[PDB]
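Undergrad: Each chain, written out:
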Amino acid sequence: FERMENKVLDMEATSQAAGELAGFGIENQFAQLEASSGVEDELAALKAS
Amino acid sequence: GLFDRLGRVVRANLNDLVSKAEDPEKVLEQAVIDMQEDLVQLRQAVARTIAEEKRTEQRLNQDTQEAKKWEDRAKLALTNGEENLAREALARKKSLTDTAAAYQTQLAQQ
Amino acid sequence: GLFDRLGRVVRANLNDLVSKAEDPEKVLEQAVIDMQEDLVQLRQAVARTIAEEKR
Amino acid sequence: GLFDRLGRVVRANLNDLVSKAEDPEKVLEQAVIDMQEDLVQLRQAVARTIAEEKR
Amino acid sequence: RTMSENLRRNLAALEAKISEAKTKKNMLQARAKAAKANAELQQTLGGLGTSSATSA
Amino acid sequence: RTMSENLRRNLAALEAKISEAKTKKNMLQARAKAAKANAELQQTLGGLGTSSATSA
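Residue numbers (full-length UniProt numbering), protein chains in the order written: chain A, 168 to 216; chain B, 2 to 111; chain C, 2 to 56; chain D, 2 to 56; chain E, 112 to 167; chain F, 112 to 167.
Some clues are possibly wrong.
[Unchecked claim] Here are the in silico distance ranges between beta carbons for each label pair: (1) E26(C) x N137(E): 51 to 57 Å; (2) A132(F) x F4(D): 52 to 58 Å; (3) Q45(C) x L18(D): 34 to 40 Å; (4) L43(C) x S216(A): 37 to 43 Å; (5) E151(E) x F197(A): 29 to 35 Å; (6) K136(F) x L43(C): 23 to 29 Å; (7) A32(B) x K136(F): 44 to 50 Å; (8) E54(D) x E38(C): 34 to 40 Å.
[To be verified] Okay, the calculated bits of chain C under chain D, using three or more residues with CB under 8 Å as the criterion: (9) 6-20; (10) 26-40.
Hints are computed from structural coordinates only; laboratory data are not their basis.
Note that the Cβ used here is the ideal one computed from N, Cα and C, for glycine as well.
Using the sequences plus the hints, can you model the full thing?
TA: This is how it looks when you write it as structure tokens:
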């Protein structure tokens, strides 16, 4: 029975990939990266004052 | 009789009246919304497919580290001078290593 | 038969009448209030996740 | 169907009629009186917290 | 010792056939559900026919 | 002493498998509830489709 519940673990693993069939992936989170690196750049430029 | 082939052309008169309405998009929408409900299950099916692929992949990872454990208990045996236990561990790993190869082929098709 | 594809375009006539109403925000509100109830549980789920992380 | 998104905009018509009433304070009062009953227990909770701190 | 070792052949066969049948259960079930999706991909190539049915 | 020490192997195995199963219970339960939330994050990527259903 526990092993069947591990197949629910495989279902959640499927579900985290599933956004890609909906056209969501790393290309979305990549924006927050390009942004957050820019946030560190401007906070560094501020503290350089 | 000819009246049946006439039946196609009088239904084509109706088809002319409804074509003259010219609001085509409405069925385009119908088509794409029906496929969206399927698509969420379809991506789920892809995910299930990947999930068997993964459950197998972690298994193969678990196998290949367990194969090292038998080789490690064999290294202990070899360095101790316990070759009988090294050969027991040698049987265990070979059995595992071939099952690992089977899972590798199962993943390859997956 | 063609009458079914006509069914999409006559429902598009209705869609024109309701589009002509032009008060779009009301559904925008519906969308964001539904997600707020989920969001309080969603943050809770994040918190549960952190809670296992903490324990 | 479009009629559901129209449902948000016809409820927005009602929202316009009630906004036009312009007597906003009444709900401001509701909000602050509800929190006062909680606040007396909330300060009590702070006090309980301090009380364990004191004991 | 002679017949006992033949019992070890027999037991080695029992575990081999049973364990292999278990990996067949995984492979076949997975392949079956996967095949239902792949059949739906063929049907989705057929979905182009279902849109054609009013594209006219 | 010889067979008794094999009972110590056996007891060491009992506690090892049981204790590991207890940490699996924590990890799996946590991972399961977490996965329900992560599935709701995939669904929230799908929430963009639910708004699209009247954004038209």
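Undergrad: Under the constraints set out in the numbered hints, which ones does this structure not fulfil?
TA: Every hint satisfied by this model.
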